[PDB]
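Below you'll find only one chain, the form deposited in one PDB entry, shown as structure tokens.
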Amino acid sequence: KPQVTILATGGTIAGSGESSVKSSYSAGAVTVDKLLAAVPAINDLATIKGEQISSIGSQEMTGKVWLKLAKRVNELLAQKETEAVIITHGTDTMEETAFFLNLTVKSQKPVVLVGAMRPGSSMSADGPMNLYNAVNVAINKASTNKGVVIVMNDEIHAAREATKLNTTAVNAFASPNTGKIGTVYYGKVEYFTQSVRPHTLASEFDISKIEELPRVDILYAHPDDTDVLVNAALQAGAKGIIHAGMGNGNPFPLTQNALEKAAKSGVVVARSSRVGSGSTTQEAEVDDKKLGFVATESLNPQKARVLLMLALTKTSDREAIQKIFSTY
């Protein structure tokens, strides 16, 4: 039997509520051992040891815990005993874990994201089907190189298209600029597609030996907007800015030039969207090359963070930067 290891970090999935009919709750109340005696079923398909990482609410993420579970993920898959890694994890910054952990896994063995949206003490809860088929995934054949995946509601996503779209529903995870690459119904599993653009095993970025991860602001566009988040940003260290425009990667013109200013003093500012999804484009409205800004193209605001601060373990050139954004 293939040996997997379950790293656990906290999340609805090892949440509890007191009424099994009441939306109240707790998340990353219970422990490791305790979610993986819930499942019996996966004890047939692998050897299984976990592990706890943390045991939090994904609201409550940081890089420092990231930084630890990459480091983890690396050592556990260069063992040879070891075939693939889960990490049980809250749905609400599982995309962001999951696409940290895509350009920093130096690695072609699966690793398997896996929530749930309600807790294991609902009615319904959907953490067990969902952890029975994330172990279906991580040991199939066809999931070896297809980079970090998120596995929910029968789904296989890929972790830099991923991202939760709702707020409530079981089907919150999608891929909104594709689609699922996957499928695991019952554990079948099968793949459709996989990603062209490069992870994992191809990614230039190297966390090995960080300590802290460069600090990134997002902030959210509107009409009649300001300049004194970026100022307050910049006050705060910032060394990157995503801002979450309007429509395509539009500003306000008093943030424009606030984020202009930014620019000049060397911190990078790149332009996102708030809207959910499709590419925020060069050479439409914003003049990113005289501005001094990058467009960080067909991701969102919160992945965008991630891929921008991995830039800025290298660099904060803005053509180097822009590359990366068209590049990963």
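Positions refer to the first chain, counted from 1. Under this definition, the rigid core comprises the largest set of C-alpha atoms superposing within 1.5 Å between the forms. What changes on going to the form deposited in another entry:
- The residue that stands out in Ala262, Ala46, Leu67, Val32 is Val32, the single one whose Cα moves by 2 angstroms or more between these two forms on a rigid core fit.
- For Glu18, a C-alpha deviation of 2 angstroms or more is recorded between these two forms after rigid-core alignment.
Form deposited in one PDB entry done, so how does the form deposited in another entry look?
No partner chains or extra molecules come along with it, only the chain itself.
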């Protein structure tokens, strides 16, 4: 049977309350033992080990955890015995963790993030099925070299494209620019597409010696906008700013002036959009070359932040970072 490690970043996504008997197997983490008791069919698919990487809600995630998780995933996947890793994660920032891993995991072996929009105690909890399906995706031959994937609601989403698009629905995850790459229905895995943007083993980024990521703030644009938030990000040591602009990444004039000053000072300014989908394009209304900005193209603000953070580990050159956004 294939060997898989489940890494938990918080509590159980499946089941609730104490175990009905004390297990003879220790997977390596109590959270994971609870998952194996709550979804026992997964034991027939794989030999499961468990680790607890963090113990937080995903809204409390930090770069320090991202680095710890990525370094551990790389170690695990370098082992001959380990076929895949599954990470259980809160849904709120799952997309940011998945995208970070998609650029930092140096392996073609599957890495699957999974969570639950309803708590395990709830009526009609989604976690048990989502986890069962995640294991099936992780052990599937066709999952190799698909990049980091999010598995939710019977769907397989590429990390580059995935986002949480709804506050509460079980079907909150979507890939608004491309769609799911595959499906998983009662464990039956089928892929229909794959990303043509480089990831994982093909990514230039390497975080193995990084202990802290560069600070990148995100700003929300609107009518009658301000310069004070740009100024405060500068004052706090921001190395980059994502601007979630109006429509196709457009700033309000006062804010544009402050961002221009930021970029002149050596802080990378990258234009995204508040709208939810589509590309924040080059050569539209904003003269990025003249102003010293980068266009994030077909991402969203929070994933653009992750990419800008990685880019800033090695360069602040506007052209090099535009090429990064135009590649990954």
